[PDB]
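As structure tokens, one chain now follows by itself in the form solved without the ligand.
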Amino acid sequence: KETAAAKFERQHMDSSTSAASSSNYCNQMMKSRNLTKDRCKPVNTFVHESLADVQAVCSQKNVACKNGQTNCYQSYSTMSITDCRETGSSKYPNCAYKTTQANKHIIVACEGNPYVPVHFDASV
């Protein structure tokens, strides 16, 4: 079983680029991170920051999650992110995505020891 901390890193971290490299970034990344294996994941966000800066968010401001849970944390700085949304003509197994770049505060839910992000909750 992949851990929840490892799954967050696979689904949401891209420390290798400062921002989406092209309008095909999401098509490429949703495939290579295996987010289209048995269905098209309808939306996803990648964070273009170091793993240490995103893990640090779990020590920053404690806030409510989108669903009202209270183990969420909001980043002190805005972070570079890419939002991936499935296109209307996308049809598993042939998944297609629109790439949109943003720079926003991120909110993540954290768990565990070590206490790390296990869920990307929102950008604000």
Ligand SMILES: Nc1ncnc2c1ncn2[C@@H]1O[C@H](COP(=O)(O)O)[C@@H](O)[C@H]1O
Contents of the next structure:
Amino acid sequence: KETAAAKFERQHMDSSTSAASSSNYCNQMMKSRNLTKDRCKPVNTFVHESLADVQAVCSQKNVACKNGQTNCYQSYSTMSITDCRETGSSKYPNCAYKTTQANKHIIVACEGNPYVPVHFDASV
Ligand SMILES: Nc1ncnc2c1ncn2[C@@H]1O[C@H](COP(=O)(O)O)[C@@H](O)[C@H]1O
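Take the protein just shown as the form solved without the ligand and give its structure as the form deposited with the ligand bound.
What follows is the whole complex; the chain from before opens it.
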């Protein structure tokens, strides 16, 4: 079965591109990562850094989580990311997304032993 750590990797990791993310990127990735199977997931972020670098965030700057938990961490450095946002005309099963590359600090929630990312909270 798929662990929370694996789900985070599926939903949020894309180390293969540095982030020349085409206009087509979100359309393709939201589908291929199975984020459009049940509904169109409204928003989602992909991180274009190594797994090691993203895992390392769990020992970086501790910040409050949006849900009020205390297990969130902000990256000390900016990271290459791509935000995917569902368009107004997007209609499930044909989910359509605006692709936006940015370089921002990421905030992730971590759990477990080993202590690893399980939720993408924000970018700042
Ligand atoms: N502080 C947290 N620790 C662990 N999981 C969380 C936290 N905050 C939210 N979540 C949930 O973790 C799941 C993964 O989120 P996402 O990475 O957005 O798919 C979501 O269902 C969130 O509601």
